[PDB]
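Starting from the given sequences, assemble the full structure and let the hints guide the process.
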Amino acid sequence: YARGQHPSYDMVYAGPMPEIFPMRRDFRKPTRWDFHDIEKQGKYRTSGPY
Amino acid sequence: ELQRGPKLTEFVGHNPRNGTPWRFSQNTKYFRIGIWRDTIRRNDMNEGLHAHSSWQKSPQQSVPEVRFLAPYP
Amino acid sequence: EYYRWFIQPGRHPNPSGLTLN
Amino acid sequence: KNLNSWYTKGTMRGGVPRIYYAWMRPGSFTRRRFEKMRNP
Amino acid sequence: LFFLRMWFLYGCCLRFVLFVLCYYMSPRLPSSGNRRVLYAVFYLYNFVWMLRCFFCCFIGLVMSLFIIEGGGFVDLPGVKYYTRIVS
Amino acid sequence: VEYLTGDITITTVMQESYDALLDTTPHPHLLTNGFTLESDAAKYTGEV
Amino acid sequence: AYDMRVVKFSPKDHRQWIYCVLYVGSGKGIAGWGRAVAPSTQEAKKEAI
Amino acid sequence: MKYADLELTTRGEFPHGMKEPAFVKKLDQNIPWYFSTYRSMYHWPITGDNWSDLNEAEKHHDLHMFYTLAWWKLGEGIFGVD
Amino acid sequence: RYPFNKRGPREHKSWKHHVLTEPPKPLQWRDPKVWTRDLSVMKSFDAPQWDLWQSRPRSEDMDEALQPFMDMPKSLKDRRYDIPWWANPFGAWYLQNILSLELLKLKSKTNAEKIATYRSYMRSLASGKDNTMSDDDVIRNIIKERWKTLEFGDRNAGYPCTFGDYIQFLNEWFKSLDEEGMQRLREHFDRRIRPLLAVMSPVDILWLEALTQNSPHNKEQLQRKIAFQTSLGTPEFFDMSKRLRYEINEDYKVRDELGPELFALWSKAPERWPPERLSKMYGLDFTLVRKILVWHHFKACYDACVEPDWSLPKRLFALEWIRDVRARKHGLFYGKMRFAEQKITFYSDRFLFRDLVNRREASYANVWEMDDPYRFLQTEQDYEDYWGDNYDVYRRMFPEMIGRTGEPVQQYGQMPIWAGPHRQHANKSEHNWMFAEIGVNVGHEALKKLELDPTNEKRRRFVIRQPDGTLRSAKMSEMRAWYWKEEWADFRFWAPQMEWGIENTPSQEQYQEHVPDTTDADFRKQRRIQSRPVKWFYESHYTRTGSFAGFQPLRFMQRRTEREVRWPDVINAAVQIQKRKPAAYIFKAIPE
Amino acid sequence: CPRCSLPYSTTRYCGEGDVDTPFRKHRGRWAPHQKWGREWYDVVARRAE
RNA sequence: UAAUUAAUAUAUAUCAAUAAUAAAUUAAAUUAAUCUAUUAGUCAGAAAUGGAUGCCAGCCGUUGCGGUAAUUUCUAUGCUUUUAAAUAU
Ligand SMILES: [Mg+2]
Ligand SMILES: [Mg+2]
Ligand SMILES: [Mg+2]
Ligand SMILES: [Mg+2]
Ligand SMILES: [Mg+2]
Ligand SMILES: [Mg+2]
Ligand SMILES: [Mg+2]
Ligand SMILES: [Zn+2]
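Chains as they are written, first to last, in the entry's author numbering: chain A, 763 to 812; chain B, 221 to 293; chain C, 1116 to 1136; chain D, 10 to 49; chain E, 54 to 140; chain F, 388 to 435; chain G, 146 to 194; chain H, 10 to 91; chain I, 10 to 601; chain J, 291 to 339.
Derived from the structure by calculation, the hints contain no laboratory data.
Incorrect hints may appear among the rest.
As the list claims (entries may be wrong) - Some but not every residue of chain C turned toward chain H, in silico, with C-beta under 8 Å:
no., residue
1, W1120
2, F1121
3, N1136
For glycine and all other residues, C-beta sits at the position ideal for the given N, C-alpha and C.
Here is the structure:
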């Protein structure tokens, strides 16, 4: 390496870092804009999903 | 790569890392009029923000990890 | 909290809440 | 030394979703025409 | 923005004036009616200027001095200044 | 490694407490010491 | 946008045609825009699309 | 184990997540811009290895997974043999 | 123009007192049926959700798996008695139908059938009947249709199980799971249910409820809607059983990679078997085949009942690892670098020549030297990036990265006061007095370490008078107080804690409203509950990295603020989000 | 209580009459005591770990 | 060594010196002292109906509105707002 004859491994030779073990299902997290009555999302109460 | 292909990765938020993969469901304030117009006149195209919802006309719904490069469907 | 499993969803037996007399 | 963080870059549009690619564009994904030798 | 309409505000937002005359003038067609125009006076550096402005205000019991503000354009050509309150 | 070195040892106190909780809590396939009989399970089991 | 233009078919005959500007889009990387001049509102909408 | 013969008359409908919602005609805020204009504080997925005493990821995932498996009756009739 | 010429500001219905009271409030007459047991709040009579536990901070929830049993009162739970698992009628059903093979009878084959089948199995001749179905496939079909034909209900009528009975067995079983038990479960779920969860559609909801034979709210209208819409396609098009049927790249099947290749070799000397030797086995690209090798190793390990090398994915992907570490340190973020963020440099055509002749002319004493896993690393920076993850390897290899030494706090000698006791009271006072030096040679951030360096004799001078009158040198903290505040966060191994988050930002910046801070159930913050231990206590110290404030908090405050839309007059800049303030406020007395 | 370690009998809320408590913040609300069960048991366990 | 147990100066000025300081629900680890605090729009473009008026009176950031049916004037009542105000320079 010191005389510059060592075969280079640089960050240029790296492809994508793959997802190997797939995490988990991300279940839908209830937000303030998901409500079965249009009332619970009011203008006087709810200013946004969170 | 060996089966069913890659996931269709979307986000709602600032980045891919800062947001949720989920769109907002049908129960949203702004989606209800639109989804209505879309249920009644099914065949014509409809304006709205109701497009951004997880629910839509096509049999393929938008929810996370849709495999969109899969041969079937 | 256990009541929710025996109710009929459209029926809200006493919407006022007041028994009166 | 690059003080903009890729961690926070973007604008929340509220409900509007947009797609992003993990690596390459999906069209470039399956290369089978050169792999299984279907080309003129 | 039209900067020459403000000539008599002299770089100020509001002015104080004294009432002299009130006459009537007819606006540019196709707007018909009578526009009430008050003819006012004020002094600056011991010069006495006669200001001419649109009377939109509410007159109660008899009073003398008004507060002049500049607007956008109005039906009546030639009258730049408007009335805020009367004192 | 500490066990094989002799550094950590299983004592009689650890041992008997271990056994105590091994008795008194539910085992997956079997009934355990410290399972209480229920008189009314006869409704199903058939015996009191 | 919607808008109204007068369309003269003859020195007597006058029609009211309307004018549409819209854009179709999908956040998945594909969009497009169109405009049209047609007789009715619905017509100009479909034409523009 | 721990069995009683219980009657459960009403189970809520399926958690497919897609149910035609309640329809309205008029809305409270007539201002659709608010949909596109709304921002929030950042959701950071991780801080420092993501350790928690309440184990949130694991526990919540499993709890969802349980009633999901219940409702599909363990997905056990749906798949034939290809 | 001026709004108030000719009328003052309008006070008309300023209380808007039509909004204050509903003329009907409440009483001591509230119906115990329809209210809470405490009469605190009104019960909600819409259909039960199965997920309710996630929104409420009640701990009896987590004692049981499925929801209706979480909601069950203790008085009822007392009356569930412990009996054998097959005494549960659903467990009985499961025992008879699924688990007992011996009771399963198959249609007996004739002699002709036996022969034609045998000669088909042993030697294949084309044009034949493609079916020839294995009795294994047949058997599994009979079982899966036994799962089809299973229906719940009153068991004094036809069907075997109460629904309550079924979920009861299910609940007893889900609580009963071990680690590898619920692992097998979640695998089973990821393989079967999860893809279906992606391919669903409203068109299926009726069918989706036909699994449990549960009756829907709209059932007639769904009948009609779904009839009309399924009308528009083939019946095979629409049935969810067949929607997963094809998979790309049929040459390598997941089923066939379950037996890992040459496992009887690389088990026994895994060092003599670098990824290359095995990678010649697959006709795929690089990333895919290394991925597959990882999976092989793991499957093999689980098969042999030993634990897998978790360092293996880092070892095979090492180049990708280090690229991601250095990217994370460069652009400041935690995650995996994706394509958009790559450098736009354009190399020449022959750019690789130097490395090409270096590789072509290389030579190696043995083959182990040829491919060792660590040839990727030369400098110390390489070894520091490659092992930053294991605090084992890192702590042993880089001892000097945890500072164990510091400039000791020392007492200075006092200057003699000739005035004697008369003034001795003076320098002894109420407080501590810090003094830091400034001047042309001191206070420059650029030079900071040189100025705190105990070796440098021009080193910036601090002093402290303790209230008893003594003087001591500054503690290092106190020294650092006199420089502009410095932020240290390194993103390369564990995620530093980042400001302006959901759980970070206090209320008034996050929302424009006051939101109460309770440690239980913040719906706005999407948390169920919080146990609130001391932040850095239970976590490992190497895990604590730093904080990053170095960006704009866009919800709160942004640059070049403007109105998104000028008309209508109602919209403002995107930082002004807020709920409407009511007509004049009503205050309800709140001990309740 | 498994969370704040206050006595069940004499105390209604988490953090009552504790100077340094995390569970009661300035304009926030009081949280009722939480009860033992498998949740907090394995919480304690994970902490020990 | 006038004095430092001091920074407090009552009600004056000049040209300055940005105060609507959690502007609305769980309470101030005080020393409880100063303050009782409201406006806008309502055609286009968030939000409307009665009643008058009839090219008048008036509106006017701007195209422009007002010709007995004015969602653009006036008035009454509601209703709308992303909440340190409208308006003028
Ligand atoms: Mg000028
Ligand atoms: Mg004009
Ligand atoms: Mg070279
Ligand atoms: Mg409007
Ligand atoms: Mg007006
Ligand atoms: Mg009239
Ligand atoms: Mg009107
Ligand atoms: Zn407690």
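Going through the hints against the structure:
1. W1120: It holds, given that the least Cβ distance between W1120(C) and chain H is near 6 Å, below 8 Å.
2. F1121: holds, 5 Å
3. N1136: violated, 31 Å
Consistency note: the structure conflicts with earlier hint 3 alone.
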